[PDB]
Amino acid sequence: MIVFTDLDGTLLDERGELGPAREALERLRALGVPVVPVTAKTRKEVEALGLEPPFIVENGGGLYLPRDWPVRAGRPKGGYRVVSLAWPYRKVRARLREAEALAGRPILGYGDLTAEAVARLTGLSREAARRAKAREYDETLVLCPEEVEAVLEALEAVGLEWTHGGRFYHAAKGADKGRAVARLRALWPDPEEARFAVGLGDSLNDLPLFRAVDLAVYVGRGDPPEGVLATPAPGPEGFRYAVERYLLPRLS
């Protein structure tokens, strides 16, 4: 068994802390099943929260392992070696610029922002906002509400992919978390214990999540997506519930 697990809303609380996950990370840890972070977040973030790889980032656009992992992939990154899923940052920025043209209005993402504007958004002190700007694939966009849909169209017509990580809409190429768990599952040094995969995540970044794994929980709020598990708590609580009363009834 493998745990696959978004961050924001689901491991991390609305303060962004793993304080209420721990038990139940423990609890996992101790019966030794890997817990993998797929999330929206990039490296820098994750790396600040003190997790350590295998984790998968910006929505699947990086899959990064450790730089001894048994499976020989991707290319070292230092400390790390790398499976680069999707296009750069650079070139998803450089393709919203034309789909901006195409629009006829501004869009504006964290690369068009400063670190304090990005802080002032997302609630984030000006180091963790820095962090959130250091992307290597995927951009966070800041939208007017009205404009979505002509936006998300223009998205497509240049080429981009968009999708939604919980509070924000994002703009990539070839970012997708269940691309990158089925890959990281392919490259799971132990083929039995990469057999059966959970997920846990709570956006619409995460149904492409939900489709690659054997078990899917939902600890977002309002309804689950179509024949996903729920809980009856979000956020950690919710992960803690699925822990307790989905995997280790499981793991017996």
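Heads up, when I say rigid core I mean the largest set of C-alphas that superpose within 1.5 Å between the two forms. Numbering follows the first chain given and starts at 1. First, how it differs from the form deposited in another entry.
Relative to the superposed rigid core, residue 233 undergoes a CA displacement smaller than 2 Å between the two forms. Relative to the superposed core, residue 244 undergoes a C-alpha shift smaller than 2 Å between the two forms. Comparing the forms between the two forms, the C-alpha position of residue 23 differs by less than 2 angstroms, with the core used for superposition.
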The other form holds:
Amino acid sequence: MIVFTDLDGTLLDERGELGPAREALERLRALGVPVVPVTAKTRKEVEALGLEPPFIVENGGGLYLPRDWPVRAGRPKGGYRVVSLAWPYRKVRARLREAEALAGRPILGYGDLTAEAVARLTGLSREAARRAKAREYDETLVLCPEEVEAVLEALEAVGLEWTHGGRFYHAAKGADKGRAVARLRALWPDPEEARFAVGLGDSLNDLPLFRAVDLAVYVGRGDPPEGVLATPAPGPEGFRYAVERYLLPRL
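One more: the block was the form deposited in one PDB entry; return the form deposited in another entry.
Excluded here are partners and other molecules; the one chain stands alone.
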């Protein structure tokens, strides 16, 4: 069993972990169940949250492995090997400039904003905002609710893809959580451990993650998508719930 989790509102929601979630996390760790973060966040953000690879960043744009992973894949980088699945940020930013021309209006994202601006808009600290700005693949957009559609059509017109992360639209090419999960499972050292994958997500828009695992659990508010399990409560209690009810009785 491998457990894939969107940080977002599955594990984090309230900033970082939280009582019930921690307890559930330790439980998994004690049982030798690998837990793999799958997040919109950057590698700099995940590191600051003290997480060790493997993890999936920027909506599936990048798969980070320990440098000594038993399966040779990706490019060596310090204590990591990085599997790049998506176009680099600089290329995404260049295409965004083409999109603006098409939409005949400015398209702003984190690349255009100061860290203090990003911090204000996200509720992050300036320090965490700086890490959220350190993007390798995916751009977080700041769009006027009223102009979202014109912008999205322009993005696709220039070959970019878009997703919604919970509060912001994102632009990238090749970044998909399901693709990244399938890739990491195919790169797993022990094929039997990766045979059964669980995916926990806090977004009605985590379908790519939900599609790529064998047991999908939606830990948010309201009804889950079709073919996806639910929990009574959202947040860390929803994560703990799902862990205690769906997982522990399998190990």
